[PDB]
Amino acid sequence: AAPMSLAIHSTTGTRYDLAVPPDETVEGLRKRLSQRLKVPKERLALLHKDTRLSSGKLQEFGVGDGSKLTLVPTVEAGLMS
Amino acid sequence: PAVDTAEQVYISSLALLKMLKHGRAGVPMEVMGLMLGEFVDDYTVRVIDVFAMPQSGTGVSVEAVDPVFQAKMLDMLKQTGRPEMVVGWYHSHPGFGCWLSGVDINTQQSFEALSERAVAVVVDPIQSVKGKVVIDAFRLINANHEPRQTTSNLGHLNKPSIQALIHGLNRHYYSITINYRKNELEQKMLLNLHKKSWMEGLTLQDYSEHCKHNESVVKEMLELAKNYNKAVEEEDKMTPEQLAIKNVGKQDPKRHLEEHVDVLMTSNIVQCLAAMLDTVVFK
Amino acid sequence: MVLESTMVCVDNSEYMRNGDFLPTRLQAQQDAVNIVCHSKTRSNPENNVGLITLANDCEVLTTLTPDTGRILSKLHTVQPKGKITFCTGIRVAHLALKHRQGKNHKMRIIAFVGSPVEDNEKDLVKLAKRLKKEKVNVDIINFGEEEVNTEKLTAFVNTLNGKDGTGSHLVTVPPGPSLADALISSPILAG
Amino acid sequence: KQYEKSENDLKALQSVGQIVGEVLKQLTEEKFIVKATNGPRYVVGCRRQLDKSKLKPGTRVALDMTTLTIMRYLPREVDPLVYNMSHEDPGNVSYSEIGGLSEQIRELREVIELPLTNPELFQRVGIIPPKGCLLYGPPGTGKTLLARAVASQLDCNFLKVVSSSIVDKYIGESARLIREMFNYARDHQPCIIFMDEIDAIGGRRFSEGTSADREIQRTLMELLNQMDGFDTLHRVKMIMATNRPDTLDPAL
Amino acid sequence: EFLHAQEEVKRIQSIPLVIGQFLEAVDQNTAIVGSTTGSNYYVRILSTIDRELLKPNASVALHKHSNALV
Amino acid sequence: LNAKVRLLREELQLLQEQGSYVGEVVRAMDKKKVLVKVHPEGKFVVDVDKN
Amino acid sequence: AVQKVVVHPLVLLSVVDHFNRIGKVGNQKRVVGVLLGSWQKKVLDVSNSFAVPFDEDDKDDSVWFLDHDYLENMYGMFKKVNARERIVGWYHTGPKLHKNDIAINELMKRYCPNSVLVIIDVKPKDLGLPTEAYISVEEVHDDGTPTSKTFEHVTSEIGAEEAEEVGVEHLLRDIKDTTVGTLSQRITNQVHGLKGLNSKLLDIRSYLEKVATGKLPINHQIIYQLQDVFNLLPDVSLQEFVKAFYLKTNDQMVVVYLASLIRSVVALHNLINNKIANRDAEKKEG
Amino acid sequence: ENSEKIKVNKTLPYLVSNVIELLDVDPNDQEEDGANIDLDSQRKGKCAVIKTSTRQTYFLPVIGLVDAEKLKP
Amino acid sequence: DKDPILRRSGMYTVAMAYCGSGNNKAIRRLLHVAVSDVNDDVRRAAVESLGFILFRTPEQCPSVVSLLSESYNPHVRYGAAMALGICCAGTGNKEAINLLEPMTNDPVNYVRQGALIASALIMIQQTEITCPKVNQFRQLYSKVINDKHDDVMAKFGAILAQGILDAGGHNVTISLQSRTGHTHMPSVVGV
Ligand SMILES: Nc1ncnc2c1ncn2[C@@H]1O[C@H](COP(=O)(O)OP(=O)(O)O)[C@@H](O)[C@H]1O
Ligand SMILES: [Zn+2]
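Residue numbers (the authors' numbering), protein chains in the order written: chain z, 28 to 108; chain c, 23 to 166, 172 to 310; chain b, 1 to 191; chain E, 38 to 289; chain D, 71 to 140; chain C, 52 to 102; chain Z, 5 to 290; chain F, 75 to 147; chain U, 573 to 763.
Take these hints with a grain of salt, some might be off.
[As the list claims (entries may be wrong)] Here are the computed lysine-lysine pairs in the BS3-like style, where the Cα-Cα straight-line distance is at most 30 Å: (1) F:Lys144 / E:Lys42; (2) E:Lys62 / D:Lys134; (3) c:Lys223 / Z:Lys199; (4) c:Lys209 / Z:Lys100; (5) b:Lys126 / b:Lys83; (6) b:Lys74 / z:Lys76; (7) E:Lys89 / E:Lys68.
For the record, the hints were derived by calculation from the structure and aren't laboratory data.
The shape of chain z in the complex, shown without the other chains:
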């Protein structure tokens, strides 16, 4: 198995540390975090070394084990939409 444990820092401060398969994709990681936080997956935004993680596998982005990630929620205001 060799789970890949990655630290997930949040701007607020809370740490949602979790371990994923070595082949886990960014979409899967976002889905797991959304399931944990009860937030739609489109709101959350994962970061890595000052670059947003768009989509694909985690490995080819340089995400190994013991790598720090940041979770920045989207901030939206308005009257509609």
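Assemble chains c, b, E, D, C, Z, F and U with the ligands onto chain z, guided by the hints.
Relative to chain z, chains c, b, E, D, C, Z, F and U with the ligands alone:
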């Protein structure tokens, strides 16, 4: 498991000024930013600073464009002595009062999911005037009972506004009292802001201009005295109700005479006293 | 694996004109700091290294940055001039790596002394004890060979790592025209 | 491409319009008096990063729907009627297609074209070039053909209108349209205004008549004050064609 | 405190106001104003307003909702 | 002075109450109703307050 | 050459916040940072600022460190957030000029050629403005010979936008006393001016005492300026000056007397009206 | 899903209007981030001015779901 | 002091120090703070302390708190209510009840709450013959408690007033001074 109504959100002077300046800059839009602070106890949410973030949107919505900026800013503030982390977000409602809309509630839901006690602050720039600033702090109510427990009168001192009640106050979210605790240096700097240079106090005023102003005001007072004589003859041939509407669209010689007297007295007394003080101080 | 914030103290003095150590001591030291920065980066990807010169008084060129391209690029245009101020340079480096980006990192100073040091023994030992209290390691390279000995430097390093501290170092290189990178093997691996 | 179009459509759906108004006066730095075309007048703010020197008393402006803030300044509006006037298609008639009219072509050109190419001659002589011409004659002689030839072969802006088409049932709208047409000409100098069949609205002003007659005479008075009144026209020329020159106002 | 209150009542002078026309004064603290929307109203006058300036048929700004002479 | 200050403090919420239409009375009629022309709108058959 | 520097209140409060946070961290005495702003044809406007890492040895005036890499990064981010603001100078809360200030200014001149220093005393034991503005200039002497880089004073004042003014006035519910009349025209000046003049003269006296005793060497330029001051001190016993003073005072007192007469007549009118009202009310009640 | 969103946002009741103009607008200058508006700037295409049947004029920074070149005054 | 809470403690210490002394200096300070301070809590405490200071001459507390009760500041109005209550506890003062009656229907809920509690404190144990408004105030408390569209804090005050009016069964009274004329420390602290 309580969340009490005596809880307060402490907004620093710097945070308040930054919020108001950004909101006024973005007058048609709901410009927005993050609030940094600490969760001291269950009766305090200290807001010590706020920083705006790159955002773009229309007059109907505003959204942030990059989270890399937020992360990097947090890091580079920690590196200079602000380890505080995000405790909420602020956005401006220009003229609609203070309340949260649906998109605002969704954003606050995300922030609550991240941290339980995160708060949202709505500052309305244009409705703010010199003496008072229109600002409020909010948090959501789950799908349940009473949202909070009352162990004091501190919560029930604000008389929530009709606009907020219409838009969902006490039904989808509740308010939190805002307090403006300050430190000694902040107090001293705020007091010193308006202090003028010492030389300005002793500086005199061109005597030609002073005499010209005195002459102009006395000449005006002459005509005002004529009109005052005319007006005094009235007030006996006037209905008790007619007197009030008598001074509508027409000059009031008594009021203008009093104002001119006050201005003349102040100016002349100040000038004479300054002249004597200088006469002694400077040899 | 070990986190380390290592500030490099390069010597752009007038004695670096000397061609005794390969194509000019300036270029020899350029290659040396190249290998040292690459070694630190390879040892830890998160490790951060900076650059300071020991010119007339001092000059900080690049504070701690994880990348090395900027440090190497700034290394160009380091034309020699003036004397060397070891105490002031090391104090400035101490301040710079006291104002770290990450406080869990360790603190290190790699100094290239390619010119005589005019600081007495008493001041250098005082600096040694202060740095020992502050928990700094000082790897000193006796480059240049203007004295190629314990030119008030072995006392410095021994005072640093006294009582089997084995934290500091003093690699003394002979004038042998061999690449300074080729010569350095103690601090890079057996630190 | 289909998904790009769908995304663009979804993005465009969530966009709100902006009220269009006119600036009447600037009270302070961040306070303007704006008159929405609907009729009401508001005191409104202005977006910060906006060149407020360009919000003169009369500039069209786009207002935010909610806060009524000034968000943009726009060029003067061109009525669809005036746009249609300017965008007529007189074929491609050339001066060779007109026969028997050489002196008349020469005179019409001297009035309209020559002052728009060689003003120096008129400046040297010391005369302001003439403005308007009246093409009158029996039917089928070539007045509209001459107008079409001028429009097709000349490079200035052209405005073709029918005096019968200028008229509107509501009170004052004919005069309003004449004013808009001449404002369009003034803005897009140089311009030629061709009022075909002028006798429809230009007729002798009677003393005894009807409400419709007086409305048409008001339209004619507006036209006359536009052609020669308190404001000179400069680089705007006029051509009018009529089969009945006798039944025209001496003022016209 | 009176000086403070005068400055705090000016938030009723928010920017998006409606221009009107002041027709007649009824009691003081009240008046009849003709809005540009085409309707007349019996509205209250703000206390801070200088009544010397309320000449007949003088331009005034009214609250968008309450239509109060502000 | 205190009364002046109190009035100026409640005036902010007193000024958000809706104005009143001004109409021209045509003729009284019926139990207590009146016929009024609310310009520019049409006429209405309105009541009368008890006072 | 700068004719005036306008420092907005947000800059001052941000400086105070920086000082407080670094002090809470501990072991520091002075704080340093950048002053973003804009130019208005020789009338500066300082609108925003950000902190910058800075340390110095309390003994050596040559061991100081400023993180210019961090300065550049934070300036890039601040530009990304607000383009209209560009680096204009640096600030430090040190009560008075230090000896490293010219070196720091030379460092900052590589980011702003006309850098302006603003010293903000966060603990002002005085009666005056909290900002002092200085600009680096080359000074050529006649006997001091070597041309050194010295700091030249520039007028500094505090201004504010509308939002900043509103916020400051809202926050100023600490001690509010407007009294724009003679009371304020007596406290904000007269007393304050005399106290400040006494402070400046006491500083000059302290320096002169030090020079006379021998702690400090003689400065010919300071002595020359003092000579000019003592020469400018006017003479108030001249007959012409006394006569002019009396004439102007008589005119001012004429105007004052007329104003007082108007006041008295108005007071009498009010008394008559009040008595009429009370008599009428008593009659009606009877 | 996007087509469903478009259909649900195209609720049937429309308001007829006439296209008064098809203006061309361009960005003016740099707009500070934090407060930048996608309409006043960052809009380089064609914008429409319309007059609703209710006698209300309007500026349309985004024309909508109908391509600009088709519309004429 | 700069902290409003510290200033409030200052007002409270003035009260406790000059408890039942009728000290003109203390009354002067309290009134100055009440009419000057910037913090409404401090104003409230300053107005409240007058009851402790003047509890030995109940006929005088109305003479100083009537105008404060009729004020523009609801906090000062509440302070006047509680000051009358503390000054005239267990006294059934006609002037105190007359001052409190208009305030029982004040616009502000906490002002109403304070008025109700003060009225209960004053009219403890008093009968119809002794005080001609006890029954009226009892009915007022019942009405406030029963109304289902009234403020929760007004209901809190009404319930507390019911409790205080009939205390210890009906066999207890509140008096800040013993029957011999000595200040009752337990009662002062309790109030
Ligand atoms: N002189 C002319 N030369 C050529 N064609 C002419 C001439 N006069 C009239 N026509 C014909 O008449 C038509 C246009 O009528 P025109 O004479 O221009 O207006 P009007 O009949 O009102 O004077 C054209 O189709 C053209 O063939
Ligand atoms: Zn919102």
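Consistency of the hints with the structure:
{"no.": "1", "hint": "F:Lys144 / E:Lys42", "result": "holds (17 Å)"}
{"no.": "2", "hint": "E:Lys62 / D:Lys134", "result": "holds (20 Å)"}
{"no.": "3", "hint": "c:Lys223 / Z:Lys199", "result": "holds (13 Å)"}
{"no.": "4", "hint": "c:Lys209 / Z:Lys100", "result": "holds (26 Å)"}
{"no.": "5", "hint": "b:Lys126 / b:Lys83", "result": "holds (22 Å)"}
{"no.": "6", "hint": "b:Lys74 / z:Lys76", "result": "holds (24 Å)"}
{"no.": "7", "hint": "E:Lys89 / E:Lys68", "result": "holds (11 Å)"}
Of the numbered hints given earlier, the model fails none.
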